[PDB]
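Starting from the known structure of chain H, fit chains A, Z, W, E, D, C, R, F and U with the ligands onto it as the hints suggest.
Below are the chains, spelled out letter by letter.
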Amino acid sequence: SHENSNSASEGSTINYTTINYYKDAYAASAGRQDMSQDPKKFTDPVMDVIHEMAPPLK
Amino acid sequence: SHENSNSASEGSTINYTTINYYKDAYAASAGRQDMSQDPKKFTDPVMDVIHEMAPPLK
Amino acid sequence: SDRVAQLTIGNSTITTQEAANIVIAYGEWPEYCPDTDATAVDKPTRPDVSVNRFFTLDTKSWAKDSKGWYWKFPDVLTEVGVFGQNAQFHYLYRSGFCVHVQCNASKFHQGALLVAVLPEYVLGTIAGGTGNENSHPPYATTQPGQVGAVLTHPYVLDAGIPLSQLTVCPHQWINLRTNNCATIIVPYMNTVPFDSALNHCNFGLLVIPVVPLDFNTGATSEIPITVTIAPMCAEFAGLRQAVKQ
Amino acid sequence: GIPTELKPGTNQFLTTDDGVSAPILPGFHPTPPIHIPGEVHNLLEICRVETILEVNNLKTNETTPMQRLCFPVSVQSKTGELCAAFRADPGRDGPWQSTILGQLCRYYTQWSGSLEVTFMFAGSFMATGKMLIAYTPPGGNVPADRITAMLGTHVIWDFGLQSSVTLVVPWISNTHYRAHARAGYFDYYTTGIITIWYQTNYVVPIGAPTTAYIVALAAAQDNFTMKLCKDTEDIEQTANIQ
Amino acid sequence: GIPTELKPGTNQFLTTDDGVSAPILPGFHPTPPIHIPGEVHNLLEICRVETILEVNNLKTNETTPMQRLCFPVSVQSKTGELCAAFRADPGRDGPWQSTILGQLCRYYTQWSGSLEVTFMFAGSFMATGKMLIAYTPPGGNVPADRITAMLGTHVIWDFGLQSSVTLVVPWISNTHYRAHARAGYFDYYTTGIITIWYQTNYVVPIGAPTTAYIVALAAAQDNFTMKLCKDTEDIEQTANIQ
Amino acid sequence: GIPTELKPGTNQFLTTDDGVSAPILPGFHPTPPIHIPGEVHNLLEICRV
Amino acid sequence: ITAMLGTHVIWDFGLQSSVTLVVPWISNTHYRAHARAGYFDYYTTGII
Amino acid sequence: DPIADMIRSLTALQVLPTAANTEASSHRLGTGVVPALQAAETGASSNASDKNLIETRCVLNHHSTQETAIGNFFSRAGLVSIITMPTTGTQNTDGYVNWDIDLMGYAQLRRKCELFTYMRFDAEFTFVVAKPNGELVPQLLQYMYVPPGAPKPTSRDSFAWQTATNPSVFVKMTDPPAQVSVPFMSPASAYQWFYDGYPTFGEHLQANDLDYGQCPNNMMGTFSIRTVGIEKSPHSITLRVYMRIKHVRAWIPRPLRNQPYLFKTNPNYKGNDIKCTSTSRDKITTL
Amino acid sequence: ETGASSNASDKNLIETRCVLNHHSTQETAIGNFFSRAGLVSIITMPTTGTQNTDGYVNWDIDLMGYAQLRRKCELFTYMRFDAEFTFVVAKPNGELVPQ
Amino acid sequence: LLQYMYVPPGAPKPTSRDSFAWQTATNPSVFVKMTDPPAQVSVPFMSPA
Ligand SMILES: CCCCCCCCCCCCC/C=C\[C@H](O)[C@H](N)CO
Ligand SMILES: CCCCCCCCCCCCC/C=C\[C@H](O)[C@H](N)CO
Ligand SMILES: [Cl-]
Ligand SMILES: [Cl-]
Ligand SMILES: [Cl-]
Ligand SMILES: [Cl-]
Ligand SMILES: [Cl-]
Ligand SMILES: [Cl-]
Ligand SMILES: [Cl-]
Ligand SMILES: [Cl-]
Ligand SMILES: [Cl-]
Ligand SMILES: [Cl-]
Ligand SMILES: [K+]
Ligand SMILES: [K+]
Ligand SMILES: [K+]
Ligand SMILES: [K+]
Ligand code: NA
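Sequences listed follow chains H, A, Z, W, E, D, C, R, F and U, in order. Count the first sequence with PDB author numbering and you get residues 12 to 69, in order. Count the second sequence with PDB author numbering and you get residues 12 to 69, in order. Count the third sequence with PDB author numbering and you get residues 10 to 254, in order. Count the fourth sequence with PDB author numbering and you get residues 1 to 242, in order. Count the fifth sequence with PDB author numbering and you get residues 1 to 242, in order. Count the sixth sequence with PDB author numbering and you get residues 1 to 49, in order. Count the seventh sequence with PDB author numbering and you get residues 147 to 194, in order. Count the eighth sequence with PDB author numbering and you get residues 2 to 8, 18 to 297, in order. Count the ninth sequence with PDB author numbering and you get residues 51 to 149, in order. Count the tenth sequence with PDB author numbering and you get residues 150 to 198, in order.
This is chain H alone, in the form it adopts within the complex:
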């Protein structure tokens, strides 16, 4: 079955291997979750990137 694209997660699908029998995508299961991560935006949101070698303040 080829459906209406109305799932909440489609701009950059956090899922991608779902099951469904209805014409509306949001009825689909959650599917297998992907393992993407980008910790840097939270752990290193600094302008000059501080290395783990020299002292962070030179």
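Calculated directly from the structure, the hints in this document are not laboratory data. We treat Cβ as the ideally placed atom computed from N, Cα and C, and that holds for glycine. All clues given are correct.
Computed, partial: chain W to chain R, Cβ under 7 Å:
#1 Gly9
#2 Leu14
#3 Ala179
#4 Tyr188
#5 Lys230
Chains A, Z, W, E, D, C, R, F and U with the ligands in isolation, oriented as in the chain H frame:
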């Protein structure tokens, strides 16, 4: 399954992606609705077509 | 070469000889709203230099017993310069910010301020103490203006949440023995592309002394803290007459 | 038999479920369709059609409802006078309720798009005048005077052979969609205010009426869409239909 | 009809079952998404972020909680003094409960990985000193003296322009994963003990405070993972939420 | 819905039935296995001892 | 708070003993005659 | 041309199915390099790893990171509402109930959602109904969704139950629990658990300070229920509603609630009894 | 007077920005507006009274007895369609019995 | 109507028929009637060993 063509909407099917398990087409689901429109017949049913540039009465 | 810095925007320039890098909130630079995300159809006004410049607000005094302060954005500037005027004359507003908090002491003082940005900083009340009273914060507390306000219970950020975890938000520390300022660049964050600069505060700036100020008597005791902020990529739409609230 | 397992939802009847049900008349064939003018496919086709706005919705009109279909203009004695005012909120109680647009969007929870109000002057041919029509986006209550209203989106209309003028109520919202506005928390979705002022004056020579009327027609523009189908408040089965 | 046969499980509602349910609004389309900074995809992204450890979790602090966010160091009169101690167990009641890491791993039954504690010195610039920070893996209670603690994994910290130092609590376990440790049979999963000693002394010249504080921040390293999602003990609906 | 018809055996629980049951922990991953001497696969391996 | 609205520099004391304030040429005329009280105050440059 | 003056994100996504490996390392003795020293003032977390502070062996780590994907953390049905229709008392001897949709009444789910500032998702709602003592009887019920602006039923037989446009579900207390999928319905791009603002313009006199924090973009309307019949039903009814988030995205993490919840609509806390996030002990030098 | 609606659009009356509108028009397709089950009749067979102590009822098919659905259909003059009829039955108090 | 819930080590154990723990927002729970067939689920290998 290949059916009897007895749906109310077949002269110009307002649907087109239906599901069905019976020999009669009218038993089928509603399917995904198409997005055709022709507002002009209601908004501009005039003989000489009036442009949105010059004055509508010349 | 990471401790020295200069910020120049509009007709204003900031210098510092004891910085500790610069933070770009969630790794994103502010930017004008793109046509794919926009919804309002009127061509916006993007004043540029008259509003994307540094504004310095009233200074606070840090005492051995201070609890901490906070300011709301864009509330702080709704009545300052050309930025405020644009915020009043338009229904819609959107911008990012460069926040620069200043505080210098001497090599003999000590203490540490945590400078953080908390999106959608909703405040709560102590519920009449017992918790049976469903009280709410008054306008003056939710939108303190350019003077900012004081935290009554910093440990729970006057909102039932642990200060201990605030570092999960964009932040820097001003540790007197190390630096004398904090700089954070904040991009527009909201569930809508533009919004009212009067009814909705996008984020709050908190400055809390986690390690209390101390010094031997005889040393300068007036240790102020100054906040200088600059809107970035300020855009406005839905022009009409001026409204203050 | 094949191993199956019933899941939650089993036996429920969801009024909006689009499924398949057994046919009662096997081999039945409907009367063929024939061509009929006026087929519609999407409600939006109708929302683009101008219908009459009841700007003159006064309590004193209710018994002579026809008078609600148009409002007056007349020779002013003072300059800058306000002629009429009303909210642009289309799904709200008020003038818009008389339009097909208003009625239809009440069958949906949210809407988005630019609106359009066209004013037709029905005075005598000898009457002239200039009016200032303004749309004041959210924030400021009804503008106190013409000089304040003038700061918003507006059109300065001149009477002439072209009987009408079109005010555009451009979509200027914070959210991509607006739910129907009403007093309370939902006033957050208000669209704004439309005001009509005398730019100069209704002028007429000796021999022609000193008062005339204007009809206001409203409809949606091409970027208009609605979503979240719902029941309308505008109809009630107060009693049994016999 | 097709031969089927209901199997056990039929009609049950499993709260974690990932199935398909009928949609209530056919043809509905959500508001489009827009770009918003700060999207997260995996809790691990957060666990890598340092948050404040309440090492100074004294009963006498409870009424002045702010004092729990940092502990002191001051001019010693005797050498080799112990400055502070605490367990490394992150899911256990104690100092770690104040960290986002601790709170989040309480939503999982097991964890695995190396931890990291970074200490920031907040004394005056004129203050100097060397501390010995040690991690004592399972087996030995709190080391009695610095000379015993010194035998474990440790870092000797020197105060200077670099305000901070990082102690690594390397994953040293018998099992691949640890369940949350607590007194009893589950002490089998304890991670160990962290101790902070005076390597030399906090030294300061005339004119500067003789007591200063240290803030401890903790987080997970890249080999950290959690498993077996569960409910946290850290929140309770003591009474109805109105 | 699809025409079905329940057959005898419906609802029964046969202790030796080798079927599929819904998983309680979605996305869960077991501790990896490690090598351990002495694995057996068939009881006959023991009967020969 | 009022002065802050003009062209300015925020100076921080440190190893660099000095800072430079720029008084950019912001005039209506291409040239200014010497300003003094009276009609010639028209050519005043401004205030630091 | 005759006027010259009239003329991003440094971090992105990677797929990490497994925890990082540990590379073997040996002793490092030298000047200049000093990975153990950090500067937390910058706002960054420490970049030091095991191999920099100790001698490590090689470890091929296959631990999965999948169970901590926000989808697996949230897609677990949780209780969001308990609705009751008793036959005797001041409650609802009317045979019907209108419930304003607000899911912040139960802590377990609420604390999990409040870990983020904004969330966008679809949801699976399951309706578990029974008598108050857990017994089941052959009672026919009707659940109806009344979006903002739709007429709310005023009685067990109000015309509104004709449900010609609103979606309704008819199910027996004896059938399994009803279950449906709901799309993302805010007029905004995401639901927001925190809205530091007011819903409307005006002066915000202390009389209407209950407006603070109320975001209309999260107000989804009313959920109505009734026993299907013109005559009153003899049975008290208990309806528990569970929600399962699916197809989820989340933005801006925040500190987790550490004080008991008092009200559905705000973060007010009991000021006389401010709990410490961590348990206490006697000395900082003793366990 | 022509009978046509105004052809003016935003860009002609004001200065506009560019907006890439992705709002869907699907939910207003007549099919999604009508394909929602609505009540068209309530039939009763009581055991005592003047109603139908006969055990059977003959109902003339007329769906115009309930306003919600009727007003929606009357938006048009002519309609052609197929239909799904669902029959929900119970005792008058909502209870169910093996009948 | 019954409710079976799995409370992993460290999760709050219900202390009453209506303890908050039954909100089961994260723990897996099964709701079934004594009249439905027997509930059945799959459980993975959960030891930390
Ligand atoms: C026929 C079954 C109908 C079921 C309809 C349920 C619709 C519920 C939609 C979920 C909306 C998410 C919750 C949104 C906002 C929060 O409750 C806010 N805190 C309320 O102020
Ligand atoms: C075994 C189940 C049998 C169900 C048969 C139901 C047949 C009903 C067909 C629908 C016809 C559409 C309604 C037609 C006309 C309107 O009622 C008119 N206003 C009556 O004058
Ligand atoms: Cl998964
Ligand atoms: Cl569709
Ligand atoms: Cl406090
Ligand atoms: Cl078979
Ligand atoms: Cl409206
Ligand atoms: Cl069959
Ligand atoms: Cl632990
Ligand atoms: Cl079906
Ligand atoms: Cl009814
Ligand atoms: Cl319960
Ligand atoms: K069917
Ligand atoms: K289902
Ligand atoms: K099974
Ligand atoms: K790996
Ligand atoms: Na380093």
